[PDB]
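What follows is a single chain, given as structure tokens, in the form solved without this ligand.
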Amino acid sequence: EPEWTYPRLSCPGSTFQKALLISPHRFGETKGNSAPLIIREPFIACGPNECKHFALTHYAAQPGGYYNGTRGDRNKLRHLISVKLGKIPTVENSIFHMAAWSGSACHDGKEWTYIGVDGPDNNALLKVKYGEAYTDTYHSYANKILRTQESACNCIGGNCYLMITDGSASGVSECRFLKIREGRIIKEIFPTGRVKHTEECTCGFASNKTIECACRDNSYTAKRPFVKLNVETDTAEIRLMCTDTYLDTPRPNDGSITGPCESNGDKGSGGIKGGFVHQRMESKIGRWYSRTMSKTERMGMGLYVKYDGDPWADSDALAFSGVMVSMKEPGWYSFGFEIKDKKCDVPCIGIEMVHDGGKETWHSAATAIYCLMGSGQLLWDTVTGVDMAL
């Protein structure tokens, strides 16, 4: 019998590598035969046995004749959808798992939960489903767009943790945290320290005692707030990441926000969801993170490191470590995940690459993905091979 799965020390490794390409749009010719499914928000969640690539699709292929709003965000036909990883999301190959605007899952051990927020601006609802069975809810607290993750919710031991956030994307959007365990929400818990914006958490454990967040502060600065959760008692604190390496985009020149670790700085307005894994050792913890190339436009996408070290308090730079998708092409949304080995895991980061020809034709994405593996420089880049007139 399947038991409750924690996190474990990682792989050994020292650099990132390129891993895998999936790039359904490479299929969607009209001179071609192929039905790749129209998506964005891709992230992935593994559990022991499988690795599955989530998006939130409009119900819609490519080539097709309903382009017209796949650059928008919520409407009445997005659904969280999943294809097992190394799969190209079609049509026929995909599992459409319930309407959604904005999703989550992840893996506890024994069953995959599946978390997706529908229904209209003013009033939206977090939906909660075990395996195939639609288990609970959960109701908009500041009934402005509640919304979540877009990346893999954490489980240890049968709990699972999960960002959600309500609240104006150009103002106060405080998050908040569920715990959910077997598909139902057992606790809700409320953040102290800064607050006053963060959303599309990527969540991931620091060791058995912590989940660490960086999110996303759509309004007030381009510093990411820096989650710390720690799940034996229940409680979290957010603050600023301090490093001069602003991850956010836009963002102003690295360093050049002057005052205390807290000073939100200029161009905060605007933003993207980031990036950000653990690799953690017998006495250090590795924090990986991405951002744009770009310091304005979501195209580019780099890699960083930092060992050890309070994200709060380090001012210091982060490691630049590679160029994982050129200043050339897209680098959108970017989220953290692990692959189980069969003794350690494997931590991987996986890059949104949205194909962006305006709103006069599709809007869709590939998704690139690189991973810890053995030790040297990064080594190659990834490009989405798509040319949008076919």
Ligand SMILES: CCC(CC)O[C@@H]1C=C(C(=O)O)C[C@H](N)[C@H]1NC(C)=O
Contents of the next structure:
There are 4 protein chains.
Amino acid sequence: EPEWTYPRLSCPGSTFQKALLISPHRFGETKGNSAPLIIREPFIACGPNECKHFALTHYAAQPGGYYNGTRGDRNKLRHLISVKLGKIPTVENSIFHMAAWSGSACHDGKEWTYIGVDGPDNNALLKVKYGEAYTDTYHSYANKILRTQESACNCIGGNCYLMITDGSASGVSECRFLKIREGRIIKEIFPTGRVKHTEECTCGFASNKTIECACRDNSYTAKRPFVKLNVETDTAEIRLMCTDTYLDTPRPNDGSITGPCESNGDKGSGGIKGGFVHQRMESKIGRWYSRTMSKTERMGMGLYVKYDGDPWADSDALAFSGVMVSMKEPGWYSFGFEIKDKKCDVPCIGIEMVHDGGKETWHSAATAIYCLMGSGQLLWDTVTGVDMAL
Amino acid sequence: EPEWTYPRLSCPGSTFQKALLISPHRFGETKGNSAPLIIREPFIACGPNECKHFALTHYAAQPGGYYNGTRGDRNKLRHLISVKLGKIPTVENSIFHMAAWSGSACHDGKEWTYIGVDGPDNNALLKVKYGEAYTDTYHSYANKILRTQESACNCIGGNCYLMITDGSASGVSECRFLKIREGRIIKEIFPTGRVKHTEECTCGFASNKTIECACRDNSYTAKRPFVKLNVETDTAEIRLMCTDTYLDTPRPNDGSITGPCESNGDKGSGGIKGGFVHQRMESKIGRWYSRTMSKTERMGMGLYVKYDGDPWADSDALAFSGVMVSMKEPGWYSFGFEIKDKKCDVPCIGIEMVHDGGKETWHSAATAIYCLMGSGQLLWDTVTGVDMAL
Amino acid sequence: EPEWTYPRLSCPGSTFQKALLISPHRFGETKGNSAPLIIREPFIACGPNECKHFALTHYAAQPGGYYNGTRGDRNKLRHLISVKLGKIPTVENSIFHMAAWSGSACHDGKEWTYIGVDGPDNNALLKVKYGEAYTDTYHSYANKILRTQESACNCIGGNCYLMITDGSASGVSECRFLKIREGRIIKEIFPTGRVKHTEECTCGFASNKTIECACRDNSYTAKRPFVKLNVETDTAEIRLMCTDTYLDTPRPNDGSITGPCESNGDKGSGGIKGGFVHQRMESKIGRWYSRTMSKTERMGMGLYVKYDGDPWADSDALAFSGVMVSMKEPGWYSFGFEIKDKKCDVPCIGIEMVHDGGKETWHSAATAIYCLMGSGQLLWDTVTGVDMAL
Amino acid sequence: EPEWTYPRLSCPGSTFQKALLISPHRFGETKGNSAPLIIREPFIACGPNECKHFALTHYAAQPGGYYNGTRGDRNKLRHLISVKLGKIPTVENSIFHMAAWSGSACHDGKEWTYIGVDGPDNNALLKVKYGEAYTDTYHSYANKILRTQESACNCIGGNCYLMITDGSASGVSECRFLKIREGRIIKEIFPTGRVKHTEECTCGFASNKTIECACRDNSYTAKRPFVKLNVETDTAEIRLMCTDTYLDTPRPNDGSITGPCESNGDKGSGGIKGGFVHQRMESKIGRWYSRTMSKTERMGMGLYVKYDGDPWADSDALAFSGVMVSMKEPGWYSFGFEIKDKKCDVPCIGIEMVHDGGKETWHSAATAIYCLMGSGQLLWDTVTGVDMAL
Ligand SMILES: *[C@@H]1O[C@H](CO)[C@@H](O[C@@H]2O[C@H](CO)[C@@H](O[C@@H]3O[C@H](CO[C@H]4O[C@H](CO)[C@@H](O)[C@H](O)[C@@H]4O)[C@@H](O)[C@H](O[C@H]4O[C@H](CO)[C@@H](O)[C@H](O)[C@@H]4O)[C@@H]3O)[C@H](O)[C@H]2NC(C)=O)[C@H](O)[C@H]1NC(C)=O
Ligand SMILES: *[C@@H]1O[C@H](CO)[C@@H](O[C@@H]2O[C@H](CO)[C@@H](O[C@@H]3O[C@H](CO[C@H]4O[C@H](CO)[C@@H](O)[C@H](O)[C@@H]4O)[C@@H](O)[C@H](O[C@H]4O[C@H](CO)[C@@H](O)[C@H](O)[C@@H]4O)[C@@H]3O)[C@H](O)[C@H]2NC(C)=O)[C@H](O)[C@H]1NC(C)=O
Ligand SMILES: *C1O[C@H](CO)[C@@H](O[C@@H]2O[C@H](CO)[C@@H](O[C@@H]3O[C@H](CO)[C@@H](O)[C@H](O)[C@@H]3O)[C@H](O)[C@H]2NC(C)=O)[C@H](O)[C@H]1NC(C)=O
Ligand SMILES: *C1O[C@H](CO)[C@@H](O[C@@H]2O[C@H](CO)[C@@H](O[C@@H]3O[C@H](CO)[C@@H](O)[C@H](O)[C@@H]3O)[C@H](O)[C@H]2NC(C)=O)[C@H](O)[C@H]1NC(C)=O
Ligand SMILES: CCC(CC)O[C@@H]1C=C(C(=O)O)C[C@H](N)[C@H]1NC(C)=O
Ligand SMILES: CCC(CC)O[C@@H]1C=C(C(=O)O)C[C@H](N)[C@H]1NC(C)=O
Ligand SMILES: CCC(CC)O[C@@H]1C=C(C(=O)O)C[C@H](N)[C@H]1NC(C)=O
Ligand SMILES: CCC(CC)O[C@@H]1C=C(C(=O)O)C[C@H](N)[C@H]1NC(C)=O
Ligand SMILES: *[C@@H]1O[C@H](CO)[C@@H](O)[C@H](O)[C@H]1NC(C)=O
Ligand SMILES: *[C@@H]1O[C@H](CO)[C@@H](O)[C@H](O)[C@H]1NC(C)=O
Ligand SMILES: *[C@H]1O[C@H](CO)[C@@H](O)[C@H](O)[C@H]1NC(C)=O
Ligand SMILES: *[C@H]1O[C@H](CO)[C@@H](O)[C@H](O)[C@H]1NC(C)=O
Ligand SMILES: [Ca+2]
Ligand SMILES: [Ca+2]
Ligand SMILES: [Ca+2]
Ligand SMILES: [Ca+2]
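Requested next: the structure of the form deposited with this ligand bound (the form solved without this ligand having been shown above).
The complete assembly is shown below, putting the previous chain first.
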């Protein structure tokens, strides 16, 4: 019989390495006979036995004749799909969980919870599934596009925690946290602090008592807002990441934002979902982050790390760990997830690599995975190997 | 070991919402590489661990060369098929249960029961299959196209109840109920009351004591015949629904059929199978129905609910719960099924959205899913997104 | 924990009915995107939990460019493949058990045994697999094409019995029986009686003590040789089926072979594998057989039945049960198999329907299934629905 | 719960026979609708319930547009993949374990261990994965293409032994052995003796005490270096095989290398990985090897055996056990693996049959399987049946 699940100490290791590429569109050419789903916003969640690869499909394959509109975001056809990690997400392999143009998922130890937001922009609806059953919803509270993590949610003792948000992308977007248990919302958590704009949060456990998320401010700053959730007291505070190594895109030169830690600075309009995962140690806490190689475009992806301290107060640059994606390749969304080993947890970062040929062709993505493994320096970058002309 | 299942209290919730679209022909294009089966009359039936998506195929794929005939109903090629709900029903994903040009299925908590009618129009044969084995048959009794539900049948305590009917579709078709147990028919129940013409009943549990069916008079009325089946005494009775919200298609204007409740009215000729599903609470029962948005065409699909009362006597209009399919998309057969959550049941409605381009091109169908979830109003509607020309 | 398996009493029923068609080539057209394996000699075997559909593929799909040679029999590419019954045997769905141009399989209650013969004609080799492991072989003893049942073998108390044979197709072919236990040959059984030519035997249990097979004489008679295996004493006798209803193809007019029961008669050169399954009752034994509608070509397929008596001595015509395949459709190999219901066994007959366009096109087959179900007369025939020009 | 596995006595048997052909490119034609992966360096590794078929893909299918590069070895796209043995390794059937341009895997009785080396030629990285989790890494030690077995590694009592090597392939490559446990490297074993150049060892258990490896000197000899690894003391020693039946390709004429056993000889430059597998009896051990039928080209594959004796000292020619691939078909890499039967182990040899049409067309491979089964001589040989022009 299955127990609830808890964050365990991390596995030993001092560096990340290239783990695995999932590039479906290597098989999307017209010469071929394969049918990979057009997707975006991939993310991964692992339970005690499998890891699932999730995405939002446009309900189209390549090749096909429904490309037109695949470079949009919300519509009545977007679905949350998954396959077992390491399987190519195709028409036959994928499972379609629910209609949703925004999503999340997480395993509590007994069951999968699936999260999908759909509906009209002025009144969207967060839906929840526990296994195969629809169990609860949540309503827009700002009437300006309710949306969620695009990342794994996080469960502890059967309590699953989920960031949601609502409000103008180019203005105020106050996020809330949901406390979900066996598919049903049992508490809403309103953060305090710097709440102006928080979205597309990437959250993991820093401890058995705290969740941390690095988030996106699409409006005011290239600093990432940084949430701290206290799971023992069901309360949350958000302050900007003080680090000179600004993690959003677009962004100014590192350390060029003058003033106190909460200062917004410039080139802070727009943003990108960023990767963040915890290395939990006995007397240490490892914080691993990812950001675009370009300060302006979605190209390349870098790995950064900082042990200990307070991300709210420390202005120190993050340590640069290595190049995961070269600047000559697309570097879009990235996310954190952990694989459950037998006795310990393995932290990993995934990378969405979008094939963008403009609005006059199909628009989709591959997923690069990096994971904490062994000692040394990160050794090799990743390429999609896709030529969109085929 | 497993035990027999019984209807449970429904899960908490106040409105339906868009769950899931299964739209195989989104990958049905010449430009592509997939092979979705040409099907019609879909329905869903869920068990303690799996929900299954059934349909009647024509034993052809799109694209393919065997379109001719796919706009017909009965032939030697038709087979009851299924995929796990959420999977695209393609040549490879599908499983072929039996030859059938009319079907049903249901889980008793121990095993799947599958039901398929095939054979000549003047001597059809209902076949029962329990798991992998074929176990019993029922004979035509009117020699006018013996036929069954096209929706999930209903199992309580190992006993599965099923509507069957036989007769001219422009005249009399007195239906019967079969009591099946572990694949074998143990009692025929002959309903009393308004028996002139019943078919394509959508049935579900109103309690541990009563099964209710909303049906189709293809001959005499636009009101749906409404079966109450007492499961304790194995007796059944039919009267027409009194509600001014007439549920068949075609139909006249709401509340325009004058006279006592049993009055047939104008626009009786013709019909369509309608969604019906139960919401079982503490000491009240909600009844959820679906009808096409057009009075005469198979376009659109609206949701309606009515808590309590006797459906044989309540002239009251049903409450309009929302638009599931717009008047600009096809709305064909609809059906009710329930999903099993950990401790309670989730009431759902499925809509068949047929792609119809005439007898000179392929003729298949998508399936839209709406389920009780959360509170509020029903928000978004469903399109199939299919271009029948691609 | 699993027990060994034994023949149980049959399920009640007095007639066969059309159960299920598996016609992969409905999806083989060039307009399509599917890839069904080119196969022949299909057969089915069921264990306590699933039923597997077996065949010998030419290691080619349709469409493709390896048709040339698919109208042959033995080569270094022929394999024994299977899928779960009701699944279309395609390149992806099928599993490849072993190289073999002749085969058999059966479940003992704990495990699958697979049988495949390959090698050169003058020295072929019978191979055995127990689950995934190759466990034993058997050698040609006549150097003239060692070959086997093309049908399910039969297990009792963990002992699986298998017909094999060797020798000229147009001359003498003395069959032997193998006693196999957990993948290894533990006894060879040499029949006595009329041993001149016995091949492609279709065997089932007539009792907990006897196996009966109806076989093919390709050389001397259109009567089917009829084996009786005694499982309590590991001994076997073969005599010709005395019945006027000659079951082989080609064949003379019924009852036209004058003389004693063992008389060969004419039109007895050549032959066809014929279907045969037992209806085991308390005080009765049902023997169900199938034979071509044509007396000369492989067209149509008929169902016959006789209760009780001695098939060695009785000259009475078999009772005609109905037309399974019309004479306007191909009727090639047929076979018997039983599905295990919960408390009882269900007898069924399968029919190989070859698409034969000559040697200048592909050459493959679909499988029609009929099964004992309910009372009355067999109601409907089967068609492949395939146009080989597509 | 499961327990650790140990080598068991082999099953009874005296000769190998043709088991199974996996030839994906039989469905690789333009005329068709399949998508087999372009792979090379296959190998098999079996566990207590499943046997897995591994390969290194180039992340492309046939037909497809990414042929260019598929005749190379190392690039960022290469991934270790697998299907259950008997399944066609296509885009949909496959699972992508990790990025790797050199690989291995093995089961300890509790879990799969997967091994993949990727990275720059001058700083490769071996990655260890235990089930779903990445668990450890090993670094280049010569900065000359760290690389591993390309065959199953070897687990006894939870300890998995693996050969790795690093060095110029036209010079020195002193190999090492890694002792892995539950994904983690717990000891490096540095072999003594003839260490000049070892690589691509094919390893297997000779007893509960000793692992034996037949390897490849790509530089100095056509004799195979032969590792004896004592598993009790974790020490290893290498000397060359003395047998006149030299096993590398290219090679000179048998018994033409004159001198003591350690003598290198002519035609040392170049090499190929060879099949090697153990047959463990009461108190004797058979050693089965494979070598290409041509002295200089990668054509054909023959089987050889030698019961007992010391392979470091036995000048005796090995007994020729048969032709598996004719001199008219490709014979590339070969490898040994064992299948687990109920109470004993089944020794097997796998052959890589590469389809080579030059650097201007696709470059992939089939896999032939031979296993110990029954007695006699080895009968039939294997073709792949592929036309590289289709
Ligand atoms: C239609 O009819 C069926 C059959 O009667 C009803 O199903 C039963 O529903 C009741 C609840 O109404 C169930 O009783 C409960 O069982 C709980 C344990 O879960 C399992 O229990 C056994 C094994 O322990 C299993 O065999 C079974 O399948 C259950 O899944 C108990 O924990 C509960 O007891 C607690 O609750 C109350 C106080 O709140 C008290 O009884 C106790 O003091 C205790 O605190 C509870 O008794 C019963 O198990 C169900 N049986 C079956 C076969 O399903 C349907 O509810 C009914 N539908 C209606 C009425 O709409
Ligand atoms: C390499 O090393 C391993 C570990 O020592 C050996 O594996 C053992 O092999 C022996 C046989 O040589 C096994 O002993 C036998 O166990 C049988 C039962 O099967 C299971 O037993 C237990 C549970 O009962 C399980 O834990 C285990 O995994 C087995 O699968 C017994 O029935 C046998 O006993 C009978 O046989 C003889 C007489 O013939 C007597 O011992 C008894 O009187 C009795 O009649 C038998 O003892 C042992 O279980 C194996 N262990 C493991 C962990 O696998 C390998 O054989 C060895 N390889 C070599 C030597 O080549
Ligand atoms: C916070 O989450 C739980 C809080 O209890 C921690 O998990 C638990 O960890 C303990 C020990 O780490 C486990 O207890 C036992 O440990 C002994 C060794 O002393 C061992 O022999 C037993 O077999 C047993 O495992 C306990 O089972 C485990 N529970 C679960 C559900 O995992 C967790 O480590 C904490 N997270 C941290 C510290 O980051
Ligand atoms: C020949 O095969 C076996 C020979 O024993 C028969 O199967 C066995 O049948 C008996 C009864 O049919 C089963 O015993 C028990 O029956 C009682 C009822 O009296 C029931 O309450 C028990 O639960 C139990 O089932 C026995 O279990 C069963 N064994 C197996 C392995 O199936 C079989 O019926 C014979 N075949 C014939 C007669 O055709
Ligand atoms: C809706 C606001 C938000 C910020 C602009 O848009 C996101 C940015 C997009 C992006 O930056 O690539 C992709 C996301 N799919 C989108 N989210 C939704 C719900 O549409
Ligand atoms: C045969 C009577 C019945 C009522 C008109 O026909 C149904 C009409 C249906 C319809 O109105 O679309 C299609 C159904 N598939 C068909 N059922 C059968 C068994 O043919
Ligand atoms: C080899 C003798 C036998 C009788 C002519 O041939 C069978 C007849 C063929 C047939 O009658 O259709 C098909 C069988 N695949 C074949 N068996 C083998 C092993 O090739
Ligand atoms: C790099 C040294 C080694 C020996 C020549 O190369 C091998 C030659 C092999 C060969 O001879 O065909 C192909 C192997 N895939 C390759 N291995 C790697 C890691 O590239
Ligand atoms: C459809 O089939 C009928 C016969 O069944 C045939 O007469 C008709 O021409 C076919 N239609 C087309 C468009 O080919
Ligand atoms: C293969 O790729 C190289 C560059 O990587 C390119 O120069 C060459 O032309 C390509 N070959 C073909 C046949 O296109
Ligand atoms: C698709 O783009 C076309 C241009 O090809 C444009 O006319 C239209 O806005 C879009 N239509 C749909 C259905 O997406
Ligand atoms: C296939 O048939 C061709 C004719 O197209 C003939 O030349 C030859 O005998 C056959 N070849 C193979 C490889 O089967
Ligand atoms: Ca920003
Ligand atoms: Ca009507
Ligand atoms: Ca004959
Ligand atoms: Ca050499």
